Amino acid sequence: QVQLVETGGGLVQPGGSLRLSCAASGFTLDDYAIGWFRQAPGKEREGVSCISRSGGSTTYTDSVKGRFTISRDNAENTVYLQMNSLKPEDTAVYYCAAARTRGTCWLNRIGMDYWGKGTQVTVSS
Amino acid sequence: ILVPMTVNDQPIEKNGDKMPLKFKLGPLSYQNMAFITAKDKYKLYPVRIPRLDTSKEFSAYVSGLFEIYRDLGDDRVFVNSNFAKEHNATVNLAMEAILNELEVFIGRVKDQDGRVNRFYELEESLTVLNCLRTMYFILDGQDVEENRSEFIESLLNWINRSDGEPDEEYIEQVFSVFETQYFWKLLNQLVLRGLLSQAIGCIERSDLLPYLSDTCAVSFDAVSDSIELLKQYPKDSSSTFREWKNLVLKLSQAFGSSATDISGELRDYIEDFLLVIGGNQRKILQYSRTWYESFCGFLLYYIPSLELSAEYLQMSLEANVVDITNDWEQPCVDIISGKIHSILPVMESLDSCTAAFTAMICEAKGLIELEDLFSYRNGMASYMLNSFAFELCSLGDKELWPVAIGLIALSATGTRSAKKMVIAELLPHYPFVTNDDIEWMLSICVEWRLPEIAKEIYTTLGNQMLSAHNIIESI
Amino acid sequence: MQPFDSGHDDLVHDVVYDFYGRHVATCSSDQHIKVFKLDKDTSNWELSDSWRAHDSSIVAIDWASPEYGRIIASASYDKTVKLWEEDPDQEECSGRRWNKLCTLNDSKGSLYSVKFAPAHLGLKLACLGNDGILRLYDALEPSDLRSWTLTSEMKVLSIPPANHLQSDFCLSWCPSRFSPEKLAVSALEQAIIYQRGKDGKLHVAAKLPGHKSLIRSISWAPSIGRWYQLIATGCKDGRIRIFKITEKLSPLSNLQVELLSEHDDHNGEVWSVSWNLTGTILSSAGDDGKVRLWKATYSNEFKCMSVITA
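Sequence lines, in order, name chains K, B and A. What the first sequence shows, in the authors' numbering, is residues 1 to 125, in sequence order. What the second sequence shows, in the authors' numbering, is residues 47 to 124, 132 to 230, 240 to 431, 451 to 556, in sequence order. What the third sequence shows, in the authors' numbering, is residues 1 to 252, 290 to 347, in sequence order.
It should be emphasised that the hints constitute simulated quantities derived from the structure, not laboratory data. Built from N, CA and C at the ideal position, the CB exists for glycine as well. Keep in mind that the hints are not guaranteed to be accurate.
[Said to hold, decoys possible] The calculated label-pair distances, taken between Cβ atoms and stated as ranges, are:
| no. | chain 1 | residue 1 | chain 2 | residue 2 | range |
| --- | --- | --- | --- | --- | --- |
| 1 | B | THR242 | K | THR59 | 24 to 30 Å |
| 2 | A | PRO88 | B | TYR539 | 40 to 46 Å |
| 3 | B | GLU113 | A | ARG146 | 50 to 56 Å |
| 4 | K | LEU29 | B | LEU271 | 24 to 30 Å |
| 5 | A | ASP9 | B | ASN544 | 47 to 53 Å |
| 6 | K | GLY47 | B | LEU271 | 41 to 47 Å |
| 7 | K | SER25 | B | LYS401 | 29 to 35 Å |
| 8 | B | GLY487 | A | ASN44 | 55 to 61 Å |
| 9 | K | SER52 | B | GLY487 | 41 to 47 Å |
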């Protein structure tokens with residue numbers, strides 16, 4: 001039984017800032033798929049940002065590049081998503097996603113079924 | 047390149063009514079003339095040839111480089134598996150000799166100077182030469198285990214002198230305003255640079271040791287064992303290294319599965335440090351501010367062999383792109399990744415003498431890849466050499482004319498008569514000024530079978546240019 | 001190396017360095033001739049002697065080889081060429097330092113250019129003027145610097161139109177020591193090369209096509225250590241033109294004329310073209326008030342390495 005708690009969401013004006021935080025268990029070495037996803041109301045869940053290597057690089061989506069900033073605490077199961085220049089296109093429920101251990105293994109049993117519970121991030125017009 | 051002929055009296059101010067500007071290159075380098083054929087424009091402007099070195103330290107540097115070149119004698123181009138080291142080992146000794154010569158030049162420049170941009174260009178050339186010697190002038194194509202003591206000693210040098218990011222202004226920014243993350247970024251940046259004493263010292267400076275005793279001891283012990291571990295780092299043998307990295311990996315595993323009686327972030331700043339020391343590729347790449355810090359780490363703490371270099375540089379170039387601010391980064395990047403053709407131009411933008419002799423010793427090492454003398458040969462080293470010679474011929478420094486004439490006589494390109502033509506056309510312009518110097522001109526006229534120029538020079542000496550004085554003493 | 005006033009009240013036309021580069025000769029329209037010396041101790045050009053002996057505007061000037069002594073030739077619009085030998089037994093700046101050796105008055109029109117032949121051909125000089133007739137003179141006895149006989153006369157242009165103020169001429173010997181005697185001529189839109197034949201006479205050997213306007217200056221750059229010859233022309237159309245010369249298929290029109298480089302970086306008339314002493318650097322200057330330097334690349338192409346001033 002491990003958990004993925006996240007905080008920092010809220011309701012802000014266009015051009016405002018928000019700071020999302022998330023925590024986890026295990027966070028053992030590399031081979032991560034750990035990152036922020038988002039789901040707009042009615043739409044499908046899309047990836048926002050993700051730490052591929054351990055500080056080696058970042059994978060952003062093309063609608064937040066140059067505005068959002070992801071960071072990770074070294075060798076640890078925490079993430080921060082700094083959302084600068086928020087616009088009405090970022091209104092969604094954001095989810096923290098990750099991986100409990102880090103081995104190539106086999107493609108089965110992805111982490112635990114409970115991901116991040118979600119935090120609501122809405123930016124008015 | 048755009049330079050003002052005179053930062054004081056500009057003869058043209060407005061765009062309208064363009065004036066006929068005339069310019070003439072003088073027989074001497076630093077004394078060329080310009081003027082204007084127009085009304086009320088009766089000023090003569092002496093414009094010295096742009097980007098040139100007239101100092102005596104430069105002449106001594108060229109004298110030293112030409113001594114090492116003549117000292118290297120007959121070496122041109124020779132993978133292969135036969136005979137002995139021959140030029141190879143000798144070439145390296147020559148390489149570290151010219152590196153010492155360039156350093157003495159840079160030192161004498163920093164002492165007596167008025168413009169420091171020349172100092173910046175020379176240091177960039179020295180950085181590239183350090184990278185070149187580290188990459189191809191120690192191991193002789195082999196691996197690191199063959200001669201670890203020399204290789205690292207050069208690598209830690211090439212990184213240390215290269216940039217200036219580790220400096221008093223930077224540290225104080227983080228030393229003045240343990241808890242802060244920045245401290246660990248700078249500690250890992252020191253570690254990735256092999257700056258062990260600086261890192262350890264900052265330790266005492268760092269808040270942690272007493273506090274670790276105050277908090278979990280174990281961690282405090284551990285950190286002290288890691289401080290001890292860096293003092294006992296072995297540079298002499300790879301076998302000693304093998305145990306070392308084994309010890310660091312055992313320490314990192316033991317701490318990763320241990321008690322967490324500290325803060326989450328402090329637990330989260332110690333595991334990194336242990337794994338950067340262990341050589342994990344992620345966080346060597348994480349706490350690297352540039353790519354050469356990354357490359358230095360991978361060579362230092364993962365695998366110490368030259369092979370994975372191609373991989374390392376690529377990964378480093380995926381973390382921090384080549385900084386175009388300076389003119390040595392892309393050269394070194396190219397130097398590491400096989401290609402050497404591109405770096406010769408850039409160094410010629412820094413210093414023509416250093417670039418010419420660099421191409422010379424590169425051809426001497428081999429490292430390769451219609452009959453004019455000024456024409457390309459195997460690796461265009463003759464170009465670099467013969468053009469530097471032709472450049473020196475106009476400098477008007479009679480202490481360097483022996484260097485130029487010798488450098489032309491030692492060219493592997495051109496006939497004996499081709500060099501004979503070159504000397505015959507160049508020697509009359511020699512700045513002979515003392516009565517004992519003309520022995521040199523006459524001896525060369527005899528050496529290259531040009532007695533007609535010998536007697537034609539003694540005619541000019543005749544009557545001291547037609548009784549152009551009164552006493553006209555020996556001096 | 002700061003600017004300094006020449007001392008001329010009228011327009012300065014030509015400035016020429018001596019063989020060693022430590023002295024400088026100057027001529028201006030106020031009929032004046034000046035000679036400056038650069039002291040060895042400090043970099044400060046200082047006047048040696050400048051009290052001309054002419055009547056019309058002087059245009060050209062040149063130094064003779066020091067194996068003949070201190071000799072300066074001068075050509076003016078007074079249809080004459082005067083020769084001067086420096087008398088070292090006179091104080092500097094006295095009007096007494098230079099003595100007239102000879103005065104050539106054979107030209108029936110105003111002269112524009114004169115240049116000394118290379119040292120390996122004796123005391124020899126060439127002059128050209130409005131008469132359109134190039135004249136070669138020689139000092140047959142190097143002991144008598146006044147026995148200046150006329151060697152040759154060549155009608156370069158047959159019809160010199162009088163009612164035109166748009167005239168220009170220059171001359172440039174080939175500085176190569178191990179090459180047949182030859183000299184380039186810059187007249188009007190044409191540029192032709194004269195070469196010494198077996199009969200001791202001159203002959204039209206080659207031309208430089210492509211010039212579509214007046215040629216302000218030419219300069220045979222003495223390549224040192226090359227089998228070809230390079231000559232650069234500043235043209236009024238605004239194109240520095242570097243031509244390559246190399247005779248081919250000689251059993252015994291042979292001369293070759295390549296057009297290595299055209300450069301219009303000045304966007305206006307190119308007034309001055311000068312070569313290095315080693316033929317390594319080519320200088321050019323024009324209406325933009327800038328001077329550009331050129332070096333040869335590996336593919337024998339010329340590339341601008343520096344541009345100076347406004």
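Checked hints:
no.: 1; hint: B:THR242 <-> K:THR59: 24 to 30 Å; result: 28 Å, holds
no.: 2; hint: A:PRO88 <-> B:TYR539: 40 to 46 Å; result: 20 Å, violated
no.: 3; hint: B:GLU113 <-> A:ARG146: 50 to 56 Å; result: 52 Å, holds
no.: 4; hint: K:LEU29 <-> B:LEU271: 24 to 30 Å; result: 29 Å, holds
no.: 5; hint: A:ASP9 <-> B:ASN544: 47 to 53 Å; result: 37 Å, violated
no.: 6; hint: K:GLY47 <-> B:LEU271: 41 to 47 Å; result: 43 Å, holds
no.: 7; hint: K:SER25 <-> B:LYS401: 29 to 35 Å; result: 47 Å, violated
no.: 8; hint: B:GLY487 <-> A:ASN44: 55 to 61 Å; result: 34 Å, violated
no.: 9; hint: K:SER52 <-> B:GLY487: 41 to 47 Å; result: 58 Å, violated
Of the numbered hints stated above, those contradicted by the structure are hints 2, 5, 7, 8 and 9, listed in ascending order.
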